[PDB]
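One chain follows as structure tokens, the form solved without its partner chain.
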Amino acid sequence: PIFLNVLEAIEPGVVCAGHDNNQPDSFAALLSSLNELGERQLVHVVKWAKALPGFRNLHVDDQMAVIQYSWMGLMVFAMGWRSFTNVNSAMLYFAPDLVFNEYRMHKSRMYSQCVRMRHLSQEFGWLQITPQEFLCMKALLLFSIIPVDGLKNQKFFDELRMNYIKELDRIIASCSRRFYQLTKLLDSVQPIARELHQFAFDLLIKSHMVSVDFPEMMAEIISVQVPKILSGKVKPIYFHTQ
């Protein structure tokens, strides 16, 4: 299990949001901590990414690019998994110190979005998703969204991505049935991340006017990279269209 050793080895540990659970909830309190968390998880995603088989093989610009476009969806998927495994999909386990109940779901003004994420969480359960299958899947999510014009080295990227599908397929092996389900589940992540993108973006735009704080690294990705996703420039790669 060489490849599976790696994915296991490199999987991020616990990441806290820094939130104050003793102070009553608040739109700005909540979304300030989520933003905070976004930042930290982003840092973790970068270090994880750069330890993937094949990854540092990409043009350094393709690296920053793929990390920045895939970031939200990667966070969404892992958050779904944690939610599934730590609290039976009942609530959303953003972090140890930031767990969303219905109340926070509403109060963060992210109710509809929290609903889809919560549903994705339940899918892990419904589909009896193994932790091994969760790792390959997540790994594959990093190769899921690119500029329509392609990347600086697009060929190396497709060979990479090809190899990751192959690895998902081995980790499965009507195995045809199993793959279909897992690929449909992977496709489902993009609509949620797109919804999350819209919300983050709108939030940025109005943020000095509401009291939410955006870490510098966040605000750059939301203002520079996210609009390309929202404008159709950077599109997701789907298994089944759509």
The other form holds:
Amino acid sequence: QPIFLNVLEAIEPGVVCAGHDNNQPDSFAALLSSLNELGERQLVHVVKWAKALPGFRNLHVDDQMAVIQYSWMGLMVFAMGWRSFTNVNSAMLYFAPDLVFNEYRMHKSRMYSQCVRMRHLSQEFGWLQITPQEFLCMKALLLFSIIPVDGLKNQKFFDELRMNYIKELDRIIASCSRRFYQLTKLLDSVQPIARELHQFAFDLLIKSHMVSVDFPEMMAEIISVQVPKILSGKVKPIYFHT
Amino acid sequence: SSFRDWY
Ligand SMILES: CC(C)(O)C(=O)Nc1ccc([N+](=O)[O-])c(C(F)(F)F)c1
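Given the form solved without its partner chain above, I would also like to look at the protein as it appears in the form deposited with its partner chain bound.
Expanding to the full complex; the earlier chain stays at the top.
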């Protein structure tokens, strides 16, 4: 209905491939070198996506940059889970066309637990009957769901921008009331999974010269600089419920 | 950063 919904649609990225050799077998190293590359490509995309968000150019440049690096994994997880719901009805993990996980890739990549978790999420799209427009507006907010305890450079704008994003989600909803608790519940559950993945990538990064996994330019930096912040409690997610 | 640079 509104202008808002046109934008989220319009700006929504397209198909992004990982370029995986689906012919050779499933080594850890092969698998995770392609996820890192998948991370790298989708990040670019989250950047060009986010810059085009409504209200986004109201934040201090450093705030923009920050808010993005902190929330990228959280977003990645969400659309991944939509993708896996929408293509394969949550039967497997749809990272990309050329990189769909099956239980075997799940266990060989060594992320079985986190993978189990994200498959649960994908299911929830279906269980809770998530409309495409509910998906987009939920996604938009996740970028505004994670800040330093310390606080952003222009914190007022953020608070404001966010408030209007929560408003638009409520608008696209409005015993209906319980839909919100559900949708906020659902967003809230994204944060644990992004933390687990933060940890594993973090671990992985450190051991990586000594297991032969490829960490792209942008990968190695974000993980070693901004990820630790989150894992040390310096940077928290905003939760709806307690 | 090399992030600050391409942004
Ligand atoms: C940093 C680590 C290996 O790259 C990673 O978790 N990569 C990654 C790549 C792509 C995607 N994706 O959205 O399809 C995801 C995940 F968001 F699903 F988990 C992670």
